[PDB]
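Protein chains: 2
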Amino acid sequence: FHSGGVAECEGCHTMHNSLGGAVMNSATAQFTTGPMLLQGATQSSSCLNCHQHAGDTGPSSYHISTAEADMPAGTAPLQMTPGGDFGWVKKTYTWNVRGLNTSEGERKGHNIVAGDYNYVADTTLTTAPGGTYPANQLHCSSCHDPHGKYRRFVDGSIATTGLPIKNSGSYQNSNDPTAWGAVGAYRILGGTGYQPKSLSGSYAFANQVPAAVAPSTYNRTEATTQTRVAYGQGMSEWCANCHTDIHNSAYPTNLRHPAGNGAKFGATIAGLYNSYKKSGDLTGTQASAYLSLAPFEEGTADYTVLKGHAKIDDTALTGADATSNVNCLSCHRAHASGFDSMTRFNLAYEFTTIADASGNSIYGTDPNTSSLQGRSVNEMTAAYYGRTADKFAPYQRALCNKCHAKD
Amino acid sequence: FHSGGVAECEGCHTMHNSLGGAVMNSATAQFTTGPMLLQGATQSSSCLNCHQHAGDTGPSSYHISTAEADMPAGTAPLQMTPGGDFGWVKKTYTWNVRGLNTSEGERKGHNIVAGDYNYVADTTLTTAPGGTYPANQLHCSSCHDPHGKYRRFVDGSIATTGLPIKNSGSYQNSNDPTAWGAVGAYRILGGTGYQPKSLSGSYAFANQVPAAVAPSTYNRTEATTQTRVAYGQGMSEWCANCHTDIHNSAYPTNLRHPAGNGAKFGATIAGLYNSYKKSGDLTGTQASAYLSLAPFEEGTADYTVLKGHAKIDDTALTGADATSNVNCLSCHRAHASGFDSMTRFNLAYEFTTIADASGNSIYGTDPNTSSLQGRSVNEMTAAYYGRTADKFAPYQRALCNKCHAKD
Ligand code: HEC
Ligand code: HEC
Ligand code: HEC
Ligand code: HEC
Ligand code: HEC
Ligand code: HEC
Ligand code: HEC
Ligand code: HEC
Ligand code: HEC
Ligand code: HEC
Ligand code: HEC
Ligand code: HEC
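Each protein sequence line maps, in turn, to chains A and B. If you read the first sequence in PDB author numbering, its first letter stands for residue 1, the second for the next number, and so on. If you read the second sequence in PDB author numbering, its first letter stands for residue 1, the second for the next number, and so on.
Mixed in with the good hints there might be a few duds.
One copy or any two copies: either way a pair holds, since identical chains are not told apart in the list.
What the hints assert, rightly or not - Each computed DSSO-like pair below joins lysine-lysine, with the alpha-carbon atoms no more than 30 Å apart: (1) 278 / 406; (2) 197 / 311; (3) 149 / 391; (4) 406 / 391; (5) 277 / 166; (6) 166 / 406; (7) 278 / 311.
Don't read these hints as lab results, they were simulated from the structure.
With the rest of the complex left out, here is chain A:
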């Protein structure tokens, strides 16, 4: 559809809301289209009309959210992207240990605005924490560039114009940009000047598009092999481009957890990342010890090495480096994850698992517990992207001790 840049130009837009007499999208009546001539009531329904295919038997191809008619109150959202399902924003859990605990769905993700799909905007976070960016204006075109104008050339520069776009910058089986044609940006997100016309403020992006290489055929379970995304240089600065006061390139002279190009691993931290396998099983290696729940920047922009370190198979499970950096997106899965702060981690209880009597592991036996937190064992399994009770310690503590071994 997109193929690096702008797409089939009626795929998202519509001109008269009519094609063969029929309404092109029933959210608005015929002979009136909607906002910015799009197919939908908002700027995100024109994304969610072929993304979010209603009716799924697993994470299929490129979809990023699951229809509400597919999920009851007993199952998890059924698409496993590196961004995660937006269906997690409509999950409010109530478990009754020593009182009650409400883990509402507002805190689990970016509440995009989509009236026809009941994606209500975030009510508690009225603006972005860090900047002045509104949450009643956040759409899918608010951080992605829907036209995909941003290119990359043979010298790695990124420009809004010049040589035309031939394919996507992600997907390691892509092509290199030539002297006659450019390759589009990684996951066509805007940068260094991007602002939608629908915004009436000084909300211009001032950070470049993040260099990374995602793997093709990425919607998968991670019970067998892990999804390695290259995450090269500018992911933390791009997340800082709208959450201004959050990133931290200098630790400590800000007293925030470091995230940026200057947020290097120590030689101590990189050894603790490579050693950690389970709780107390500090026997890991440089190679064959990687966790997608805590990635790192590997802070170069050499796309040959980035396509080398981007593989669906386990042939590229190299661990940390002393010169490796810290992502924003190390914790905080990008779209939504279902863990009350959009993080990849269960941080509301002290150990993420339960050992059943003869000591193998489970996630629990009952939603009304403190360890499992008002959900099924299948929903906690799918929240860890199909990672079952094994690959973890039986009483494994919170997974953000990966690169400190504070166990």
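Based on the hints, put chain B with the ligands in the right spot on chain A.
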């Protein structure tokens, strides 16, 4: 929260000092956390933000200090732990018998550093008496391990890694360490190599974690039954691990009061411990004669016997043994006690009580006396953990004649 080891990982730390837009701890402004990313101005406010619940009607659950808004100048701190309240460090008493006497609150406890709770560091004791350990650096993580790394295995060995942690080593209704999972240390204190990263000296712990079994539901008055803590082997050596020159395993070849594994009771001393009930009432027995104000090591590490001799009820009031040792923590309650040298004893006046005219006992009638020492009778009662004028002799001398009968 902790459950033997490291906890809900945002329970003490914070990453951006923001959650739902609001500041996670108002001692530091938003988008800057504090020292070591903790919730508070110091490393102890991140302990005292859910410990020390402001507003109490007695010793409730697990709290260790009382808020200053709960105590006037007429009442005592209201939590009775085996460590004692840190509120006792802010009690300066002035009684005017033949001049005046100032019993300042610096001498009554470990002055931890907490700027938001006005716990000022100790000014007279600049370092630890016995070592070179500073008092301007003492925090709750300075003698406890805040991550609780130290484990114990099925063979009683203690290691920093190996099998993971499932529960606390204290609390006699705990579980035994299995071949698949370890039990955390007694009262998660560090040992044999513990040193915080915030210290820039050679202050490494070289003594093991003390073997003991504390009783569950311990915050209580002791007007009815006593709180028996097992206190097994290494409490005196662990207190020696930072107060180096103080402990004494060989008496006399040091001329200090003995405290250690080699500081055994004599056959004379163990008989004097069992005989002492009150002043002059030397009629006690082996069984049914125990005082929590003067415990002993019972110097084994057999945790079955230690959980046997750890009971809130009076079913385990066995007295001394000829092979029993002497704690540090026999005198000197651990956190703070309010007796000008952190001891469990009133050692500033010759008899701890007053007989009122027809000879029953009181603690006094007036703070401006020598027997009651500038405090209420209720504050002296709560300083003895709710022990009233009875259970004592009417003119009972200083309680450290328990195991000598030097009355
Ligand atoms: C100028 C006054 C007119 C009139 C009378 C019509 N158009 Fe358009 N049109 C455009 C595109 C891309 C489509 C197909 C997809 C869509 O509707 O968005 C159409 C469709 C129609 C139809 C119906 C055809 C059908 O199959 O039902 C009719 C009757 C029609 N148009 C009439 C594109 C454009 C424009 C592109 C910017 C312009 C201008 C117009 N049309 C203008 C007109
Ligand atoms: C409106 C509902 C949409 C749709 C249809 C998509 N997005 Fe996003 N997206 C964002 C970021 C930072 C990434 C990259 C994360 C990573 O690579 O680890 C993505 C990725 C995607 C994909 C590719 C699948 C993937 O996980 O890589 C797709 C198909 C996709 N998006 C579609 C950022 C955002 C937002 C930032 C606040 C917003 C809103 C959206 N995306 C919205 C949408
Ligand atoms: C990389 C540059 C970023 C950005 C833009 C954000 N984070 Fe974090 N975050 C983490 C945790 C554990 C929480 C919840 C508790 C806490 O704040 O300590 C958060 C919270 C946020 C928010 C606000 C959410 C809210 O409910 O108010 C925002 C806007 C945010 N983050 C942005 C954890 C981490 C990390 C773990 C080590 C990493 C790295 C980052 N976040 C990085 C970023
Ligand atoms: C910062 C204000 C804290 C907090 C919240 C706690 N401590 Fe301590 N502690 C120390 C020792 C040697 C013990 C065991 C004493 C015994 O078992 O007899 C304890 C015990 C505790 C407990 C359990 C309650 C109890 O009395 O057993 C709790 C909840 C607790 N602590 C919390 C030693 C120290 C210190 C040594 C100088 C420092 C400082 C602190 N603790 C600080 C704190
Ligand atoms: C880089 C991909 C980013 C990460 C990681 C996060 N963001 Fe955002 N963000 C924006 C707004 C207006 C909000 C409030 C709306 C809402 O919360 O639904 C947020 C919120 C978050 C949150 C908190 C989610 C919660 O409700 O608890 C997290 C953890 C988060 N964001 C992480 C705006 C923007 C934005 C503007 C165009 C960008 C590029 C990003 N955010 C990027 C990231
Ligand atoms: C085993 C639990 C211990 C007992 C019993 C005592 N200590 Fe300490 N200690 C340390 C410092 C730096 C000081 C000076 C700071 C201050 O006094 O507030 C102290 C002080 C004491 C005192 C005197 C209190 C007074 O002001 O009169 C007593 C009676 C005492 N300590 C008993 C340091 C440390 C430490 C370093 C990490 C450890 C493990 C201990 N102390 C342990 C014990
Ligand atoms: C609303 C304006 C959006 C946004 C923000 C995105 N899409 Fe789609 N999309 C479609 C298909 C078939 C694919 C895979 C094939 C391909 O990428 O060429 C995608 C992929 C994406 C991506 C990933 C691109 C990358 O470089 O990896 C992104 C970021 C994305 N989309 C965003 C199909 C449709 C479609 C109807 C056929 C509609 C409408 C949209 N997409 C709308 C949007
Ligand atoms: C600051 C880093 C600290 C330190 C040094 C300690 N805590 Fe806590 N604590 C909390 C709760 C609910 C309990 C009882 C339940 C349980 O122990 O699992 C405790 C208990 C302790 C202990 C005793 C442990 C033992 O093995 O007996 C100790 C030594 C201790 N704490 C030290 C709750 C909190 C909490 C917020 C919910 C905060 C923050 C802390 N604790 C912080 C600290
Ligand atoms: C889906 C991937 C789209 C395709 C294909 C095209 N457009 Fe688009 N457009 C899309 C969105 C989600 C928005 C809203 C942005 C906002 O400001 O809210 C737009 C907007 C426009 C605009 C408005 C001005 C601007 O955004 O700067 C114009 C003029 C526009 N689009 C033109 C346009 C053309 C010419 C396209 C085909 C070659 C085209 N769009 C395709 C989503 C999508
Ligand atoms: C409260 C009980 C805490 C929890 C839960 C976690 N941490 Fe912690 N941490 C805590 C304190 C009081 C301190 C200060 C120690 C000092 O040196 O002053 C720390 C410190 C750290 C550090 C610094 C390095 C070090 O102390 O050796 C790190 C890297 C750290 N903490 C990591 C960490 C992780 C990964 C945690 C959750 C799994 C975690 N901490 C929880 C108190 C508490
Ligand atoms: C992919 C790496 C990564 C993960 C995930 C991560 N951290 Fe860290 N953390 C680091 C690095 C690197 C440092 C900097 C160490 C240094 O400066 O020596 C650091 C520093 C810290 C510090 C300050 C320590 C110091 O020495 O000053 C704290 C506290 C901390 N992290 C907490 C956390 C918490 C809590 C989590 C779980 C939410 C977490 N981290 C997850 C990599 C990580
Ligand atoms: C729980 C036991 C315990 C308590 C409390 C205790 N002592 Fe002792 N004390 C002993 C033991 C055991 C010895 C060693 C006796 C021996 O070596 O024969 C001893 C020895 C002594 C000695 C040396 C006696 C000798 O024979 O050499 C003195 C003096 C002394 N203690 C004073 C005190 C004082 C003063 C207090 C009150 C602060 C006190 N003790 C509290 C147990 C205790």
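* What hints, given by number in increasing order, does this structure fail? -> 2
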